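Heads up, the chain below is alone and in the form solved without its partner chain; it's given as structure tokens.
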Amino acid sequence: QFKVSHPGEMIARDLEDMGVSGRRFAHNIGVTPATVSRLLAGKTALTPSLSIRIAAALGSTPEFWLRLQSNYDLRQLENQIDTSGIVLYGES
């Protein structure tokens, strides 16, 4: 599996399973319902501040949530970055 999920869609499923609305989740974590709506739709990133608030509501660590976002962003780049012409200066 090359394509991986935006963390918003994992959150959306957890909220569905718990019977928790986007608005109620936003009020619990202390952000606007508009922010949550965009996050759940995968239209905005799970930022460092959001990761702290989300870990407090859904568990694990802020680092976990951020890692999911980073992983999504890398795979979304697809073929955009040709690395074949980049000379290795370090060690790999």
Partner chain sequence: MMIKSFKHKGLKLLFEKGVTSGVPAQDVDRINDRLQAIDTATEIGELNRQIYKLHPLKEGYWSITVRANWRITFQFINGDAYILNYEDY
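Positions refer to the first chain, counted from 1. For clarity, a rigid core is taken as the largest C-alpha set superposing within 1.5 Å between two forms. Only residues modelled in both forms are compared. Compared with the form deposited with its partner chain bound:
Once the core is fitted, the segments that move between the two forms, counting only runs of three or more residues with each CA displaced by at least 2 angstroms, are 1-3, 89-92.
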Contents of the next structure:
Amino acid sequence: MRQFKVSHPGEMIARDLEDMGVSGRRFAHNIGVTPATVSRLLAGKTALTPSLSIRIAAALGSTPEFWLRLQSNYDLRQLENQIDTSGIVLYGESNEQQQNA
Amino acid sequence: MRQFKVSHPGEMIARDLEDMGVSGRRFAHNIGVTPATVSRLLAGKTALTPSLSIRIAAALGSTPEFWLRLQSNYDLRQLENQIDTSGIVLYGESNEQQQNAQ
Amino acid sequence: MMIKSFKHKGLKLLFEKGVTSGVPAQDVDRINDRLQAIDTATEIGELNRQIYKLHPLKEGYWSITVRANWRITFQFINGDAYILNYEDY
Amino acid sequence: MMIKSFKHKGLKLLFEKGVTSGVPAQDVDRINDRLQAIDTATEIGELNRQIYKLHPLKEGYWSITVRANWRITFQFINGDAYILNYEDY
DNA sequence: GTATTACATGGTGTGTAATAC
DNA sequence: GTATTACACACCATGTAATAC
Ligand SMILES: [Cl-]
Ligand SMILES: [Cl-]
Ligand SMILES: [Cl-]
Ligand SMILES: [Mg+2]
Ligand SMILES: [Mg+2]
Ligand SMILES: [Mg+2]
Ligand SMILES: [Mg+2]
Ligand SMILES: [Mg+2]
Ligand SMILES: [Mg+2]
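Can you swap the form solved without its partner chain for the form deposited with its partner chain bound?
Zooming out: every chain and molecule, the one shown earlier first.
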């Protein structure tokens, strides 16, 4: 099934940098943003944007789409049950239409 | 390998709605957004946001993650050649450091 | 999911090189849209949109409708898509 | 990729229920981080971060490091992850 | 019943620079 | 050499309502 506990991508990166012994200031100088941006990313205050995913993949490995997928799945977990979709109709056959046919 | 031609997900939905005979106005009334938003989405002028991916999956099927992944891949296709990463250093071993160890 | 092999070489030209000479002009956009859906889907169930009319073949292959009787078929092995074909069935 | 089965029942409680009683307290966040990386990766190469120390086992199994010699192992079949384990190697 | 778009608005990511160590 | 954050700013998505059919 789905993972019960999901973390903000920046807080995962902060734990990884801690284990690697890399400061936020050095990480910011490496990937090419200001330490303010890294500090807010690692604190889970701002989202991992498409532009950051390209820079982060060049430093921490993996692909840019992997890092953006972490943020996208995390964004969807926040918006869980926050959008009323009960009034939205699925086009085509519903459950009752699929039984009669 | 990677797909050569990639479409904005809004234009994909517009081609699907046309094949289904569903107007932009009716689609907007269904998923619960104004026709202006659907118009700009279908025209590829605005992005498929996470909130839209939840509404769209409830109408067109599949999962919210699928539709958001389409926009994410499309977003990266615009940017991956626009951001200079030559100065970024990969932590760990480089190509030369992997040869010396072997 | 990764597309590993093409039986229909026109699909291969479209997916790998953006070349449209090997597929009918009427369905280039629809075909590329469904190739993009297959390439993006992480599970077979993410392709189960009612317009696609997703259903397995009678084994291990699947069918996705492009338009009318034209369909895209592929073999689902190792989480990848093999033997991609475009046929009138 | 989808995690289909767990050999280590403490990982199962953590992944499926958010229950931390089956794993060491000092590694809860790191283990969950690597479970989140496996569940998000669409290909095995997306896990090839150097801190993970990804490498095959000697067939079809893989290993990523949590901390020191503590590692997560799983079996790569059908694009999914089977027999998830957490062991001190 | 339909599609498009300027305008005002709100929400968000980023750099600058200040503060504190 | 390090981490945090108010403030200004640019960017972008959305609704309202106008226009046009
Ligand atoms: Cl866009
Ligand atoms: Cl091939
Ligand atoms: Cl199990
Ligand atoms: Mg965030
Ligand atoms: Mg249109
Ligand atoms: Mg694969
Ligand atoms: Mg307003
Ligand atoms: Mg807004
Ligand atoms: Mg400024």
